[PDB]
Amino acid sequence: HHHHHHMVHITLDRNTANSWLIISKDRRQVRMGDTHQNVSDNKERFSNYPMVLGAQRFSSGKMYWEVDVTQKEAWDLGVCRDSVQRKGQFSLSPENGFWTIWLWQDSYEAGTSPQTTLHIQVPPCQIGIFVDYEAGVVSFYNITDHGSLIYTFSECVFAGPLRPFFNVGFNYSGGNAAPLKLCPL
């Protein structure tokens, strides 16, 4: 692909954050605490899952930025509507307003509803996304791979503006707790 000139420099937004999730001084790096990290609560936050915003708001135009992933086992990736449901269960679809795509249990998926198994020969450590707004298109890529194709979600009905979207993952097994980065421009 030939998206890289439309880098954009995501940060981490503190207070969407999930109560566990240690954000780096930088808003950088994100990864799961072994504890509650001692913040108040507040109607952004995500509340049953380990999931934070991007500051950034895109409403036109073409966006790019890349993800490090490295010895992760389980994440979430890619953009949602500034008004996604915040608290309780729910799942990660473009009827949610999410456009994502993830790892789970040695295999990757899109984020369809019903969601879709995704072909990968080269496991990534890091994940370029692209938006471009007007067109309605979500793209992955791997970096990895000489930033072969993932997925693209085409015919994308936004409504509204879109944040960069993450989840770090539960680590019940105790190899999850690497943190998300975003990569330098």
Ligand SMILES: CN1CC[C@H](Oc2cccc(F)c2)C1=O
Second form
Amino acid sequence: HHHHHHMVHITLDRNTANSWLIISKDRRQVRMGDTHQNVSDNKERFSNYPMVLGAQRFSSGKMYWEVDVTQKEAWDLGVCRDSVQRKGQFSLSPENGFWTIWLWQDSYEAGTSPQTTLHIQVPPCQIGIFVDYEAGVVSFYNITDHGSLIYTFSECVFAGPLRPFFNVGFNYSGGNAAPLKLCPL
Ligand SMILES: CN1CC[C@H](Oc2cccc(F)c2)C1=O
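Now show me the form solved in complex with this ligand, since the one above was the form solved without this ligand.
Up next: the whole complex, starting with the chain shown before.
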């Protein structure tokens, strides 16, 4: 792909994070802590899952960024509406304001309702995410496999400002402690 020139510098918003996440000083890395991270509760925090939003809001234009997922067993990545539900249980779907893919139990799936099987021959270590607000497109690229397309959501109905969306995945297994990292431009 030739989307690299729409690169944007994403930083994580501490205030949206689940209370067990640890965000690095530079706001470019996030990982699951082994306990509550000693922060106050607020209405922005995701309560049920280890999720956090980027600080940036997008309402026009073309945007591209990359995330490092090396050695993780589980994660969700993409964009969401600024007004998505934060508390309680919910599915990642466009109807709920999410445009996402994920890894879970050795399979990759797109967050459609119901979910769509992805066909990945080379397990990605870094994922590229492209958003075209006007066109209604969210695309995912396999940076480890020369930028090969993973999945395109088209005819998206964003219906609001978008924020970068992250889930570090649960760590019940002891094999999913590694961070999500925003990769340099
Ligand atoms: C080993 N464990 C136990 C808790 C953590 O999972 C979570 C993460 C966020 C919210 C939540 F309610 C639970 C995990 O991966």
